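Novice: Below are the chains, spelled out letter by letter.
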Amino acid sequence: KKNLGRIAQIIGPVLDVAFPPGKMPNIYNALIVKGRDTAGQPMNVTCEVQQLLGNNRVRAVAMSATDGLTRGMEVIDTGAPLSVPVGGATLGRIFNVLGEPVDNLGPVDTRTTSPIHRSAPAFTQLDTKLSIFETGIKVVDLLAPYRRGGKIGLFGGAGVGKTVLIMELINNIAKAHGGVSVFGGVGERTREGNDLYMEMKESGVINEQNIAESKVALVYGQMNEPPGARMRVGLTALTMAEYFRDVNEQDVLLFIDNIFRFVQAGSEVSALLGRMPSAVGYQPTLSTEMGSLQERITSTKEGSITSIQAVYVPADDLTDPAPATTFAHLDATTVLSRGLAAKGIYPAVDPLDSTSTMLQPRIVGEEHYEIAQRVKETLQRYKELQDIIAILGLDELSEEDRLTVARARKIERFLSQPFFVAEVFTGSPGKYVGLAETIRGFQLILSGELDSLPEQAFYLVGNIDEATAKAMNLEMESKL
Amino acid sequence: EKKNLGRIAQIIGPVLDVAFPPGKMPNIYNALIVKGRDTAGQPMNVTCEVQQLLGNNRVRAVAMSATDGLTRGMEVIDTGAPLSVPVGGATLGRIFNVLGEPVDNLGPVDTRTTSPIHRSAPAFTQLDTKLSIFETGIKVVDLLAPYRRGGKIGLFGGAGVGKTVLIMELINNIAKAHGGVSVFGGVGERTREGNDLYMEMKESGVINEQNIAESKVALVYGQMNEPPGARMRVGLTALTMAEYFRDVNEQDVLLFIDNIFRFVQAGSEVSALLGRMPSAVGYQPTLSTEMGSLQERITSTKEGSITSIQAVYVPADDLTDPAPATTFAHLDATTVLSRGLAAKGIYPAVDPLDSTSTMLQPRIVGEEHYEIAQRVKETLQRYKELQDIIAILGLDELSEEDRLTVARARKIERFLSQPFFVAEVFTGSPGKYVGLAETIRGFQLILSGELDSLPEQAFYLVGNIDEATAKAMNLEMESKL
Amino acid sequence: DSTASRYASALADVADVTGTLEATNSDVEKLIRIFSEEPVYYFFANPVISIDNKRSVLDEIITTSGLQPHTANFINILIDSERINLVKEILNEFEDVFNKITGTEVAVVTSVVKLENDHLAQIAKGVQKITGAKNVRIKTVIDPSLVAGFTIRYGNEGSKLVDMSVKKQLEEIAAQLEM
Amino acid sequence: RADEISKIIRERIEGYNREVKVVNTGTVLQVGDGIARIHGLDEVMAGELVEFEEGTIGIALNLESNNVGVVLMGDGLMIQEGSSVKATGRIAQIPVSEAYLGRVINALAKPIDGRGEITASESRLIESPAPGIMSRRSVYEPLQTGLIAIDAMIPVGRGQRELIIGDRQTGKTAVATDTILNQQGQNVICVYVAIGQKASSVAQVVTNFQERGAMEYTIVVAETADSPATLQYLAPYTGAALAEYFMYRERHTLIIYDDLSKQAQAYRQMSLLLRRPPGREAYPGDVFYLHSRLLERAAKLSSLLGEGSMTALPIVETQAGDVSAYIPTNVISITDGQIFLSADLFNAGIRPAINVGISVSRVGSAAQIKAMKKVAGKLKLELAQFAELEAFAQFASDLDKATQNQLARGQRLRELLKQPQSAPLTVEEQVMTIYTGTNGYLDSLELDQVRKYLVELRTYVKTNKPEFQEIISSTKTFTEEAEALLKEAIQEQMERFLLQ
Amino acid sequence: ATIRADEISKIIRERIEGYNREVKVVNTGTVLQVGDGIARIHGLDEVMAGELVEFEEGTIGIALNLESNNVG
Amino acid sequence: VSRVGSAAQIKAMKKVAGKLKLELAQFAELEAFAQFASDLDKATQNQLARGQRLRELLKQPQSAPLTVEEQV
Amino acid sequence: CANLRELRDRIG
Amino acid sequence: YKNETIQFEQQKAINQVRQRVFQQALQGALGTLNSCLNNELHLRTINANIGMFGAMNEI
Amino acid sequence: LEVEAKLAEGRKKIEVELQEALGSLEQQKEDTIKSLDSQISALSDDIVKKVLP
Ligand SMILES: Nc1ncnc2c1ncn2[C@@H]1O[C@H](COP(=O)(O)OP(=O)(O)OP(=O)(O)O)[C@@H](O)[C@H]1O
Ligand SMILES: Nc1ncnc2c1ncn2[C@@H]1O[C@H](COP(=O)(O)OP(=O)(O)O)[C@@H](O)[C@H]1O
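Protein chains in written order, with the entry's author numbering: chain F, 17 to 496; chain E, 16 to 496; chain d, 72 to 250; chain C, 5 to 504; chain B, 2 to 73; chain A, 364 to 435; chain g, 41 to 52; chain I, 124 to 182; chain J, 168 to 220.
Once the Cα atoms are required to be at most 30 angstroms apart in a straight line, the calculated DSSO-like pairs of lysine-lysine come out as: (1) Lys-378/A with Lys-217/F; (2) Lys-25/B with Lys-125/d; (3) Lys-210/d with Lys-39/F; (4) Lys-377/A with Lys-486/F; (5) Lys-191/E with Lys-359/E; (6) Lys-25/C with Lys-50/E; (7) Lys-399/F with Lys-422/C; (8) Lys-200/d with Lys-90/C; (9) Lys-405/A with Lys-378/A; (10) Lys-238/d with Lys-196/d; (11) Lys-422/A with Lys-374/A; (12) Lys-466/C with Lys-374/C; (13) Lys-210/d with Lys-90/C; (14) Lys-384/C with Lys-466/C; (15) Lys-145/F with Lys-231/F; (16) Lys-382/C with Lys-359/E; (17) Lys-217/J with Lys-201/J; (18) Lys-384/A with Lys-359/F; (19) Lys-447/E with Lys-495/E; (20) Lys-469/C with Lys-378/C; (21) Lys-495/F with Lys-378/A; (22) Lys-378/C with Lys-405/C; (23) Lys-382/C with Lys-399/E.
Residues of chain d placed beyond 12 angstroms of chain B at every Cβ, according to the derived structure: (24) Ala-94; (25) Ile-132; (26) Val-184; (27) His-190; (28) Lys-200; (29) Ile-201; (30) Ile-209.
In short, the hints are calculated from the structure, not lab data. The C-beta atom is built at its ideal place from N, Cα and C for all residues, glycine as well.
Input sequences plus hints: build the corresponding full structure.
Specialist: Structure (structure tokens):
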């Protein structure tokens, strides 16, 4: 539009601008700031209105760099809630939160723009076909099956997994799902995003030669951005996916990592915005904002948006509100635990807490359900006997319970996977195993029939036959 | 008092800030009623109390009923005095909410004599010197852990364990033995359990459906429907409805508060609503002063004691956090009701070992009472120790020196169970009232060892020691057949 | 109450105790048209300017328009306290508190077209007979959005509203959809 | 019809005739990302929902002096800082009728399923004076959940508002679904309100209800997470106002809330936006008042009112399994007892993961039927003894016969308790199941086969001894003829199960 | 503080009647905002920091913290 | 942890022991769990010895430079 | 909460 | 449910027909009132509305 | 599995019924709209006289 602004105050990233009384933009309405840069005149930093203060001025968080802005600059509002270019153009390109290309190739076309902040899809049309997915990880394909056309949570502490696991999952599924992929770098470290970009342009997913041939379209609002950008990078990725679910009608698999940053940035701007602080320090509108993101991801009778958010459980605070409200929205939660990466068992997914709404027998298979029940019960038994093991000596517990402890040890080692993208940290080559092979492996492992192999013959092993061969190799190099 | 016509300026949740003309403002804790209106078309008045003055003639007041629908600027009228509770012989039997309107729907209460809620403390020329204990009427209480007449008492036990039959027995015994009269004052009483208690009262004869103002309870029910102002002031309402009893009739009045932690929780709600900065864990800043104003008017004045019994629900079971801490600073006798004892059927389920009282000491009770009480507690400690080992060895295998201790401890744990004057409605047992003298002599006879051959079940559900020997010789007379 | 409302209530109370209430109301109108036109507001604000220079210029502006002394006293106290930056809002709420004290009520009759003065006095009759004010004041505003009739905005401030207008269509059609 | 469509319009446009009332109207100062601090609404009752110029309905909670701070019951994007917002004489009511049966609704009582439009000429105000003590009665008749654990150890009677607390992902929604699915043979109108659960989980639950056929009688008040803070705040109150109507017209109901943690969290949001001072855990002042005002209208009435009963069954999600946090200790102080699901017991195979311990119920044996009053006593006592002796199980090396047999029957008793997903066990079948577990007629079998043997026994008995059904369903006591019939049936079934 | 305690209408009338006029109140102060056990008083400029001020009913008050106008 | 791993080592260190971090993190559990021991077979008795010999040498006295081969 | 939760674990 | 989803869509279509085609009707009706803007309308409507409005107010 | 194939049959039935009936009703609404337009001019004229007394 044309409503000249005269920015009144600039208190950190949150800047509030005093429009004329009649012409005033709405909430969540973008404000491109006609301002000067540190050097050189042309510089347009984008701001999205958050609330109207009633003194003819609205509060607007700044998506771009906040320095250099002066009090009194002319700003104009688009009138449209921050349109983002998507569609057949957005493919292959690392996209900014503003709706711009970042990978220094040619600018995209804006023939298929869309508002970023839109209404949630109604319950009247909701496609829910309960079906399992074969991601590739032994444990998460067995213990906590993933619901395609549904949401998946890779919870974890700081550095437990959830990004190497996301890289392995995308390395698996980016070729499997004929639908496009969307990666939302919500507040993830810039070097891991560039590692992902290099891995994608090498693994053919990007296919930099003909950029219209990519099976992916990236969105990066990574760490080095003002808290506006981390407050809307998730919604940019969501708008790309929502276009791929409204128009192309194809099952798009979007990846968001460190979705907790989409709440942390909201906190950092909410504290400034005058909104009072909530519990331990996040924003008051934690639930509404988190839901406003994570509800748009539903299979909506034209396609199925399967999404895998990698929540960042801060400092292993499992009770923290930012993962506690995401546990409500997330179907197949996979709580990775620092205590299980302590002993080296990668991925450090908790066999107990990683649970899914797809471990019902009519949905997964009766054999799958009974073997998952026996594995999880054995691990619960091991956790309950941890204290007896810890103090009173390993031998002083029961002899059948000693069988259960050895079986639990073999299980919690065997559910470790050598990943393809984690080959650099383990040194061992990556091994992909489907659901059937690991099912048959767990059967014979917990059944006590092959309870004679050494423990390290099960750890970091792709399959059960690989474990049997590793036992031969290990017993040979033991004496030799 | 007068038409102190004011506007209800600000209404946040329950809190409703009212204004006034500059001259006449009601002082703090002065009840003011609003001339409110219901959205159904009835001019319903919700009564309020000025909790904090705010300077510009505007007194921030909390509401003792729902503010849903209170129009801004609705005429609010002062009463000039705190909430006039209709005390007297009239309020003997019926159920009252905080402002003192009978909610059981029976009939209107005679408001002839009314004292304010906020009558101040009694001074040291009023308080009594001698520390006489309170002969309740339960053998366990009046032997092992006596209740202090004029002092506070804590029932840590849960609900369903037997708290209702215990308080019913206490009310009937206070009506029977002394000239006393009880005032149940359940604060934040969950209305289902409130109706449960009312119906059990009516079916026990403790109160009469047909005879009101000859009953033995003055029920003041703080519901949980009401805003946090009401289920906080229900404690003070019970306090003054019993204080008028003691200071007009000179009788040993009882005062049952439901959980003090529920009163303190209501205080926390009302203070967070007033916006004053919360203290430690989250109870109000004026926690000690507030609950001290609640629990210091419970003192044996020279007219007659107002000894009370206060349930206490510790949160997450720690006596450390402030509210149970500032309560246990007051409590003079704490008796826990034990779920295992209730499941065994040793009614009353009061735990004989963990129940403690500051009044047990010898210069207070009597040297013989303190000696026999200490020896009974040491015997029950011996029994709780040897209950581990009679599972393995058996009574005859271990030494016959303390096999007598195990047998006497069985006889003591059975002798403690008293058939009440309320358990008749459940089983038909007629019930025996036991003063301190009888249980003292009986426990000396049991623990000394004269009754080493009486069967254990001859001691269960019996009153005095002579009646116990009567039960024993009864079993002996039937032993031939 | 608001701080501006308190200061305005002080000014209205003084203009009540001294029989100059109408002259003080006119003086407040003059003063609010003075404290409009931003550079004067910017001068009386901006605490960098010395207090002596501010009060001297205020004395000059006082002796220019011949204000009542107690209203001049009011602005001078406003300069004394740090609350001079609320001056526009205080003079704005003066109309509210003055109408409340002198007993009159304002009814902004907004119609499509200008209204006859006798028929405006009939509107004043009706509004008075539902409010109960002595000298009910009606400042009318011509509006293009309405269609046939008029709206009344009598009350505290906009609070009560009666309108026979495009709202007729609006309510008939909110009841026409009926979902 | 070709022009009768517009001839229908003539009805309305000639019927309504515009009486000139006064609409309370003021401007909008501030629209604060979920709140709209409108100014000038003077004689607006606290709670009287306002209507903007863009049709964004919203409640006027916070009535300050110079700005009535309303909250928005929809999205607030289109409010334009000065648009005259008009009050509406509604005080936040909802229409309610028996035509609401089956259709999932939002908190506006507007159907969100789609398959019709409910007409209702009876309107109930949402917040209402709950049943007083003159109205309420003691809990007489029980309410079978279909679970041996929460129907033998700790009952739930009609009127008693038991509480399903527990760790996240433990079966709270599953025990609630089991209750609503069992409650088919009975007559209860099981209003299931979902607060802040995602839309897809509510779709799964509504289609599970449909597959099991229970959707005929259960208003699933759905509230998706992207509904604003006001609507997630209002959902329990909406379902309470529906079940309250159904209870007042003699019909026993059962309202099952979902995630009061999420509901009070949405109230926390809207109140911290509305600038109300916060208390513990940043929950506002009136959280306890809030939960009580919607949870203490769950009563069993008297014959003076109709004998109907609303029987709440909230769900409180507590993280890390604590009783200590603000909202769970508030809801535990309100609710008549509680139950305890636990994540470790859940991952130890025990489903439903009912904690055999602390999960007390304030009612007790005053709720259960005479058959349960008989057999649940022995079941509770044996579970108490087994739970005390639970440490001896792994170390029982030829200990004496009393301890050995009691502990073995307890090891079989927990397997008796654990029952499959969504399996509703009506009263008669769980009666015989508890009896079989407690009086020893399954001691010969090992730990594993107890489940299979009991399912086959329940099938065989309920299909070949219909006199047991007559006795238990009719006489509601475990009299000697039923005891002998069950003994002979269990004996013949053990013979055919030895024949395998 | 935007809502300053010495801004009651009645009190600011006392100051607004005399701008730079007849002398101040030496030892006469009107109590205001006497709420949470902490009364505030307009004027009373004679009060020493720590002086012991009195009231009408006969209650005693230590005058700890005297701000610009309100001697709290 | 280290997010770059053996992608940021010399090829010599990647060839000698890149599984070293995982081997030691795994040996941590064989230390703690088999610390309270009974019936230690040659597998455990020799694996603990190998892990001790693998962990003990990582004890650099500070301010001493090491060329990359002097770690290899 | 990773501080209180550890102590709850040790208590249990 | 098949019979009722088409009921939902026919009801939505009917009411959308109503509201939209009336919106066109009133967008035309305001133009028809543009000839009746000031001269013949306001005196009659204002007098009648003020009469009935003062009556409703005095009631 | 045969039940699942029968579910596929009923699913094809809802496909054909939904698609064809929705097409016919989306045509019916336009048919009635274009049938109404003269009567919406008449209706606007009717409302004009009603709101001008
Ligand atoms: N009897 C049972 N048999 C098998 N699985 C069960 C049983 N009871 C519960 N479950 C499991 O519980 C899960 C659902 O429980 P529920 O929905 O209560 O968890 P929740 O996350 O606490 O719910 P919410 O999302 O409402 O918080 C399902 O995945 C199901 O596998
Ligand atoms: N399969 C694996 N093999 C070896 N190391 C692993 C494996 N998975 C995770 N790790 C270690 O844990 C870290 C987890 O990845 P990272 O990106 O740090 O997680 P986050 O994004 O939570 O910080 C990796 O840097 C790696 O060092």
